[PDB]
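Model the placement of chain B on the given structure of chain A, informed by the hints.
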Amino acid sequence: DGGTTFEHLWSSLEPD
Amino acid sequence: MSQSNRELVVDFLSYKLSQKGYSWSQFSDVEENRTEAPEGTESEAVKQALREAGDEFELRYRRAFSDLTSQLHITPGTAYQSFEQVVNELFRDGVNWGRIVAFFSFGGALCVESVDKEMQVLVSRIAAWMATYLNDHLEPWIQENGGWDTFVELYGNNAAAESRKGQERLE
Numbered sequence: 001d002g003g004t005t006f007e008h009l010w011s012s013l014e015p016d
Numbered sequence: 001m002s003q004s005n006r007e008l009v010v011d012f013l014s015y016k017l018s019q020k021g022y023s024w025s026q027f028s029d030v031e032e033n034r035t036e037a038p039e040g041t042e043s044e045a046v047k048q049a050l051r052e053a054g055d056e057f058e059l060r061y062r063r064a065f066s067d068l069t070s071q072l073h074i075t076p077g078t079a080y081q082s083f084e085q086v087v088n089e090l091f092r093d094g095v096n097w098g099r100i101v102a103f104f105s106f107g108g109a110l111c112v113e114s115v116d117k118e119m120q121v122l123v124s125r126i127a128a129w130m131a132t133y134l135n136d137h138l139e140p141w142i143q144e145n146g147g148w149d150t151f152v153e154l155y156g157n158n159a160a161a162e163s164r165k166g167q168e169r170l171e
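Residue numbers (our numbering), protein chains in the order written: chain A, 1 to 16; chain B, 1 to 171.
Excised from the complex, chain B in its bound form:
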C-alpha cells in the first residue's frame, strides 16, 4: 500500500477538518492533482467506505477519543511517543480490523486539534507516523482481504468500478 494508504490518511484528515469546513490539503494544494493513489479502480472507494462507516461508529467513541486526545493535547513540542503508546495498546487489544479505522480516528482527532494549534507541520508528521505503522504491523495482516476493502465489498459490489470505464461505447 505504502503511498496509497498514506494519501488515504491525507484525505481522511481533510474529512476530519471538514467539521470546521476546512482541509489542510488546501494548504498542500494537492486537491487539484486529484492523485490520492486510487488506481482508478475501487481502492478509491476505500476512503468513502471508511468515511461513512468509520465515522458512524466513531461519534460515541469520537467524544471518548477526544478525551484520549485531551491527554494528547498537542502542545509546542509534544513527543509523538505518547500517540505511539496509544497505538501500542491498540495492537495488543487486536490486529485492528475495525480498530484500524479507529487508528485513523485518533490521528484524525489529533490532526483537527494540531491544525487548531497551527501545528499543521505536526499534522504532516502524524500522517507520516500513521503511514509508518500501517506499512509496519498492519499492511500484510489487513492486505489479505484489503483490511479496508472488506468495508468496500459490503457497501459497493465494485459494480461502479466496472461502469467506471464507460468508454466501451466510443468504438
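The shape of chain A in the complex, shown without the other chains:
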C-alpha cells in the first residue's frame, strides 16, 4: 500500500 497519508486519503475519499 502507498501509506502517503493525504494522497491515499483523498484518493479513496474522492469517489465517496
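Honestly, the hints are just simulated from the structure, not real lab data. Ideal placement from N, C-alpha and C gives every residue a C-beta, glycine not left out. Take these hints with a grain of salt, some might be off.
Cβ pair distances, simulated, as ranges [what the hints assert, rightly or not]:
hint: 1; chain 1: B; residue 1: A37; chain 2: A; residue 2: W10; range: 25 to 31 Å
hint: 2; chain 1: A; residue 1: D16; chain 2: B; residue 2: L154; range: 16 to 22 Å
hint: 3; chain 1: A; residue 1: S11; chain 2: B; residue 2: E168; range: 29 to 35 Å
Residues of chain B clear of chain A, computed beta-carbon distances all greater than 12 Å [what the hints assert, rightly or not]:
hint: 4; residue: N88
hint: 5; residue: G94
hint: 6; residue: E162
Relative to chain A, chain B alone:
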C-alpha cells in the same frame, strides 16, 4: 463545538486570504489574542490538519468551486440563500466527512472574493452562516470521531499534545 469550530472558520478564511498575503483577522486584530479556541490540547491541530489536506485535495476542485463561486459572484446585496442552496445540495450528496472541509472551501472562496469586493462585513456573515450549519446538521454526526479530529489522528498522534505540557521538568 459552537465557538471553537466558528474560530476554526475565522483562521481558515485567513489561510484563504493568505493567497494575497493577507488576513481579515488583521482587521479583527484577534491574531494578538491568540484565542481561536484550541483548548491548548489538539483541537488546535484540527485547523492545520484541514489546512494541509483540505487545501491539497482542493486545488483541482478549487478552480472548479471558483466556477461555482463565479455564479455566487458576491455583488452589493447577494442573498446568502444562493450559498444555502449549494450547502443544501452538499448535505444530499453526503453528511460531509470530506465535503465538510469542502464546505470550508466554498465559504473560503466566497470570503477571498468578498474581501476583494470590500464586503468584509459579508465575510463575517459567511463565517456566521457556516458556523450555524456546522452546529445545526454536522456537529453530532462529525463529533462522534471529531469529524475533523480523524484527519488529526492520521497526521499527528497527539504526541505533540503530550509534549505540549513540557513543564514536568520544572519541579
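Against the structure, the hints come out as follows:
no. : hint                         : in the structure
1   : B:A37 <-> A:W10: 25 to 31 Å  : holds, 27 Å
2   : A:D16 <-> B:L154: 16 to 22 Å : holds, 18 Å
3   : A:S11 <-> B:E168: 29 to 35 Å : violated, 41 Å
4   : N88                          : holds, 18 Å
5   : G94                          : violated, 6 Å
6   : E162                         : holds, 20 Å
Of the numbered hints listed earlier, those contradicted by the structure are 3, 5.
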